[PDB]
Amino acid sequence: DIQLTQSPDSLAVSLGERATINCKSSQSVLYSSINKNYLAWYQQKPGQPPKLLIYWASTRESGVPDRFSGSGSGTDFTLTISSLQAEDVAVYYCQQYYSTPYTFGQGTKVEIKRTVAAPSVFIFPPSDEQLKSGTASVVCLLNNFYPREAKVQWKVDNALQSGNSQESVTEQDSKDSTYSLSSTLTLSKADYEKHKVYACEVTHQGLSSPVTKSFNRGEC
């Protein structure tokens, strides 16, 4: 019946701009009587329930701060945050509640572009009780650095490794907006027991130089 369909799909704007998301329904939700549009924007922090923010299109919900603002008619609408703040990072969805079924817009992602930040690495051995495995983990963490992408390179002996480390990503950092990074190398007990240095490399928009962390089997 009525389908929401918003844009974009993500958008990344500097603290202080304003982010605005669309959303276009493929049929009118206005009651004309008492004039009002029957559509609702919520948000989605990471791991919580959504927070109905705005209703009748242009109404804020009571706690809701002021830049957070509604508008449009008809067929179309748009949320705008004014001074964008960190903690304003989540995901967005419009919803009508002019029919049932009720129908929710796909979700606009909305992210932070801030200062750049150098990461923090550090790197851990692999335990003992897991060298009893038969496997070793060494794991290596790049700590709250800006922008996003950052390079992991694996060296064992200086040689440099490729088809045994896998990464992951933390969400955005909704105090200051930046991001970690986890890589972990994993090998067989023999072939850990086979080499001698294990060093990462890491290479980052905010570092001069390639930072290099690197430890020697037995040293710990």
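Residue numbers count along the first chain shown, from 1. What changes on going to the form deposited in another entry:
For the candidates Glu111, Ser188, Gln95, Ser174, the hinge between rigid parts between the two forms coincides with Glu111.
Show the form deposited in another entry, please, the one above being the form deposited in one PDB entry.
What comes next is one chain alone, with no partners or other molecules.
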């Protein structure tokens, strides 16, 4: 089977700038019959099915903007987005259709790059309502930040927590191209009422030093 690999895995580039994605083939996909490379490029936006952008390595599908260009041959191929637009934020896949079984690249995520923005950090203790079901949910919210990479460390009486936290992230916002993130620490009420200080420590590029948001159980 023909193996495809893409590079990079993630790509952040500013509005109107250039984006490059490389597809490597473990085997030649060139048919010397008609002298064509049987390689295609697809784009998939969130919640959308994939969409065919380029076929035969370099031929644009009808209705695809010229700013998408396919190049290469043999085992080395390249998709170039000259002048990245907001519409083009998506995951891109190379695929070979030289021979069945068809195979895909692992996909390359392409997002808008913007200036550094530190997050707004908020912390939410578990409601008494939820407490009366037998579980405590502590929430940490990071609002409107960039880049997406950040660290969120939960600490309970200055003890670091592990394997008891879930992270969720929004897509790049339409307007300001920022992200927001929620980290939820879930535990039994029995093991929530055992400690006092609950703290969420956020490390981000936009902060000169990590921001800690905390609250004490039993106190407001």
